[PDB]
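Removed: one protein chain of the complex. Kept in place: all other protein chains.
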Amino acid sequence: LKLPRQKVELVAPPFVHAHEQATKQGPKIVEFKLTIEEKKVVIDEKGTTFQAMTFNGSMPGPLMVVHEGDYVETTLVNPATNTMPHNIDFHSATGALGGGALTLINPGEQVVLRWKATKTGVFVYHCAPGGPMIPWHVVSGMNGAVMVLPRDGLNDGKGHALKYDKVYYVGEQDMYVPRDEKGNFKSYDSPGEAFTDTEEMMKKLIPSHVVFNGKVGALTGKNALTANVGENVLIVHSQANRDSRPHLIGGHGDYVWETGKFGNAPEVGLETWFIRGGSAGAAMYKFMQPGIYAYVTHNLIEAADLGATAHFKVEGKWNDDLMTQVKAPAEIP
Amino acid sequence: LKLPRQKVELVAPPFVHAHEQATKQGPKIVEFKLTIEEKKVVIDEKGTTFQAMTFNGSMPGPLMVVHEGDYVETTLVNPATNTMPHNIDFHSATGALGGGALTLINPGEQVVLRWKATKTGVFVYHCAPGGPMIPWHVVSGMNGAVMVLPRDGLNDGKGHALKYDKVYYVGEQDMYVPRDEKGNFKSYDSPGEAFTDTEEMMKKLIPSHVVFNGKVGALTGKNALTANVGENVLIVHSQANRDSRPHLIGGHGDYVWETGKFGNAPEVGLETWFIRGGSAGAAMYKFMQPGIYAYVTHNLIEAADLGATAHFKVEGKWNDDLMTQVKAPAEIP
Partner (left out) sequence: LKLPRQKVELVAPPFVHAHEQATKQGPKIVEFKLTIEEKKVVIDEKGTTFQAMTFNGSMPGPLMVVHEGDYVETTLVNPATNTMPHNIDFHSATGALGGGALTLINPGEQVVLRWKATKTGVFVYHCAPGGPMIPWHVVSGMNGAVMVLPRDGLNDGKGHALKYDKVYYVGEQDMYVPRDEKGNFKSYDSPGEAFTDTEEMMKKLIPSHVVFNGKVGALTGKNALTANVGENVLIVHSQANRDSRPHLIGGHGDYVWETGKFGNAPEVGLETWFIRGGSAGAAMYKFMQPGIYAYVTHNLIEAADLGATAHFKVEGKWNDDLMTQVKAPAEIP
């Protein structure tokens, strides 16, 4: 394959490596490296720990961005410091179980897979070693997403360009942390040691935690997402194992691809959209009002109580036409 | 804001206050009042009780209907006879967490919020005080919906008007009533007293009851929904916290906006549609056959066993072309 090669420096979520939307480039081989890391992490503000398994150290794995007709060449590395075999499956790719059947690597090995980006949209990628290990590796954190843009950029299905000013990637993770008899979350010395209890819980289908970017509160405070009034923000949302229903509290989805695929026109003016487990979707919104927004899954129990809330802090001028407090709280006459 | 003012007399669900579909009116300030009521109610035919919190005394809160570009001015009242702070968040509105950040009122207070109806469709509204109180107030009943109609009324996305002969609002409520050791549902003296047990159950994500209009069997018997053969009925369905899959048993969704937003064309000829938790959707059907219909969520366990069944009683002439019993039950030859 005699095409130009381009390296990408991946960046940790929720940020997204620099890329063009519309491009004059033709097909290239776009080179990415993912290095697997198994590690024990803290997942909530109480100090609960979790045996995570990750691409590039993060949950989710980083967003990869290419254009239709590019070839995506990934070097997947499984250092000898890990304990388990791993692989990678791209929902964007055609053949060999998405790549999984060509990428199984033991600790100490690496592999190089190339796939042609023939389908546009946002797509999940995840580890899938085989059998019961498939769900376990995924719900341990081994999932991310790839975006395959049209070469002319995004459009509204009516002939008009949609151009985003910035993009964020929100990866949602269902986590299954068992409890002891008295009701405290358990801690484990290794992923292998966590497996039996964790699988028992998994099969009951109810997560203990549902988080964005790997942790309760990850996308809040210093790490809130940001925008200004007038900016059009693309929010890519993935969930590799379990459904979600994103909602921007105080905003909308102006243009939404909930099934995540750019060969389809977006829907307009949504309140809440739906990410099928095993997929990525995307929503664009032009901010109109300053202040704090919450970005949630709109099962509010999961949002407020299990971890699945992000914030935006938005700068700009308040628009009293759109909303105003006519009378502040006062005693009832 | 120098626009005409129009008061609306809200009516309890499943009915909907009188309104125009297509209108020659221009933008107005449309005035609504919602008075919060915390109250213990009965939710099933066994006499199980429930610590409800409501807008205007009902579950769901009443449907508000306006047109695109109207300004919706709501007086939210929290009488001193209530125990908790409350607010209101409109998914139809832009800014301040949908209004929640401008409407927090203690018992004995009221507040007046105005928002411009810039997005068409059906939308959830709900209380959202902050933090863990958000899901608790919602699943205690503090949710309803608003419909923002195009000024030209509804259309099919192909240039033709859809006009409904009547509209009903079905609000679905997931309820979390704990049980005692021997397995009976518990009763509580106050919402505050119900909170700890109720939150514990909430986080396990499985409701004890899933009801329409606040109670098992609410929309049956004397209170069945009604229609005649030839009538086009709009059914607005909301679920502020948890997914649902509406289905009209013996009918269809002729025109369905499952994501609920009129800037999108409806889908046609559905059997079952999907209401994302945190949203409202809408379906229109022209009745063709008389008799009883059931309107359900098509998780039939929730429909038949947890409470989520309504009936329609339809008058008119049976159509043997559409369906006929060729041979009544008989012994097998």
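For reference, chains read A and B in written order, and residue numbers begin at 1 within each chain.
Here, contacts are C-beta pairs under 8 Å (C-beta built on N, C-alpha and C of every residue); 3 or more make two chains touch, one makes a residue touch a chain.
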item: Full-complex contact with the absent chain, from B:194, B:240 or B:303; value: B:303
item: Touching the absent chain when the full complex is considered, from A:102, A:283 or A:288; value: A:102
item: Of A:19, A:40 or A:114, the one touching the omitted chain in the full complex; value: A:114
item: Residue ranges of chain A at the interface with the undisplayed chain; value: 1, 73, 77, 79-80, 89, 91-106, 108-116, 118-121, 123-124, 128, 131-132, 134-135, 138-139, 199, 202-206, 240-243, 259-261, 263-264, 274, 276-280
item: Those residues of chain B which, in the complete complex, touch the missing chain; value: 206, 243, 245, 247, 249-252, 258, 267-274, 288-289, 291-294, 298-306, 318-319, 321-332
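Criterion: only the chains that are shown with their structure count from here on.
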item: Centre-of-Cα separation between chain B and chain A, whole angstrom; value: 31
